[PDB]
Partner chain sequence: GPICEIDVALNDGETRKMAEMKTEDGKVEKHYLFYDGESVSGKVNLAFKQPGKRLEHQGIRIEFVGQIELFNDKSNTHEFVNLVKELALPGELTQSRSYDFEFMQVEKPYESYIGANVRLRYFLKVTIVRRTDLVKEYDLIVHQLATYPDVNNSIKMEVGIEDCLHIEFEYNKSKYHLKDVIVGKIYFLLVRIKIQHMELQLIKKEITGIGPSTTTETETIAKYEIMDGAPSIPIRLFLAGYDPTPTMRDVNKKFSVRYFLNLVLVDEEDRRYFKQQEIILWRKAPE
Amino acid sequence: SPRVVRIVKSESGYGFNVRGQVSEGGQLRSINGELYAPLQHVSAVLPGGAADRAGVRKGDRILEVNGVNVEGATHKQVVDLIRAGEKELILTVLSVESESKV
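Would you give me the structure of the chain only, in the form solved without its partner chain?
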């Protein structure tokens, strides 16, 4: 289920890489057993960076950026939204990797 994560920008920026469609129009995909228009995803998280500390996970699919639903958005639209926040970022993500404390 979609989860919300806050990241405060450090010196290394937010500390993650985003990957996804350069253009609009990709076909619908099945993510966590449900259909979405194409999502950008977290392709890497800088170990020790802000996103890692905040609990962003490699493979997280990005559903919202600072309250804006970015389902089927272009890569540039999403990265521009992230970069428009100069200190904080709120993501809603569909994680392909779960986490539990034991």
The other form holds:
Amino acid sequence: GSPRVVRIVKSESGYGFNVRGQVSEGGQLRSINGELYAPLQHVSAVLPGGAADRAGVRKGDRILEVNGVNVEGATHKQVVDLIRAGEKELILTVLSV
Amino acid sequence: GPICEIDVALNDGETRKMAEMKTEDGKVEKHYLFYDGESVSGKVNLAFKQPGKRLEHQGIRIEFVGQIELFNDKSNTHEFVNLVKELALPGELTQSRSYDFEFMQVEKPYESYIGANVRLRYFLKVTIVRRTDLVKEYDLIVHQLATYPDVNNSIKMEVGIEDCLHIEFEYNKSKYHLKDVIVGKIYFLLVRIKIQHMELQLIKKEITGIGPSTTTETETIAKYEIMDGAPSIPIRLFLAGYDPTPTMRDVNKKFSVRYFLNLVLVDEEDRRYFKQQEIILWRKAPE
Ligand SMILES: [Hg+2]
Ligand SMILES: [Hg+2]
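What about the form deposited with its partner chain bound, after the form solved without its partner chain?
Let us now look at the entire complex, which starts with that chain.
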């Protein structure tokens, strides 16, 4: 689950992925790949053949950054709103399962 | 046996940081400090008292163990974490030998807790399998870090009879970090009746039960003696002088540790008034 970048070019309607995770800000620091992170949102769904699927976003991926902006500890609304900037290219930094 | 002693030496050695946990006696014990996900690697050194002396053993092992030990008597003990590294197969040793070990990314979910009715421990255990095996334990400490925003929740608790006496205590957050300052004010909204004594106390509740079986041990971390009595007042409680642990909740269902603010008041009638609220403690990363 080492961190990698993913560039999703808005296709048609969506980025073609969904995010689920905590409602609260902050939380415990837990290891992913021996590295400590505050709680992270993750990719709950990927639409097959959608824009995120072609970009190589996988189910379960935990989002460390959105367009280079670290989102450790963020609430679900914060991240979701940040994805919905509406910008035609979205870049995620993700920690795979 | 023929071994003078079993030595465990971490690679991190001088550089790695250490932490102090209170033993049951209250002496300080110093050990190397680890976090979740960190590797545990080093060398196991076995020294013979006399060289050329055959020892026949069934095996040589080192383990990494996270243990929960409940009520001080055995054996509700279970190991939530167990890694094994075999250093040597059944055979023999005729001369001092120095094994390498490496546990690569080690789950350490829970912070070490030494309690009156419960103990959560991490250790390296070297075992030499014989005939009664020889065992050596090397103690490790784990801290649980967290992060929370600097905001003011501005909670309050009140001690109130009704129209004749009313006392309010207001403090800035419900979640404090281990070196934080609790910031408060005690408002005398109403005093139709003289106050003989007032106390603010920070206490810890260790709850060490399984299912219906349940037990609480309570200890008083601090006392704020607001009134010897009797005539608002700013409250600052400095957590850093004390030695609290983070809130630990339902750890493996075996136990919980929680921290409460208590407002205690005694009136002219020697009637006691009591209000209690829970606050959450966390450990802020060093860096
Ligand atoms: Hg020796
Ligand atoms: Hg009265």
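Residues that one form lacks are left out of the comparison. Numbering follows the first chain given and starts at 1. For clarity, a rigid core is taken as the largest C-alpha set superposing within 1.5 Å between two forms.
- Item | Core-superposed comparison between the two forms: the option from 55, 49, 26, 59 whose CA moves 2 angstroms or more | Comparing the C-alpha positions, the one residue that moves 2 Å or more is 26.
- Message: Can you give me the Cα shift for residue 12 between the two forms? Core-superposed, in angstrom, one decimal please.
- Response: Comparing the two forms, residue 12 shifts 3.2 Å at C-alpha.
- Message: Relative to the superposed core, report the C-alpha shift of residue 36 between the two forms in angstrom.
- Response: Rounded to one decimal, the shift is 1.6 Å.
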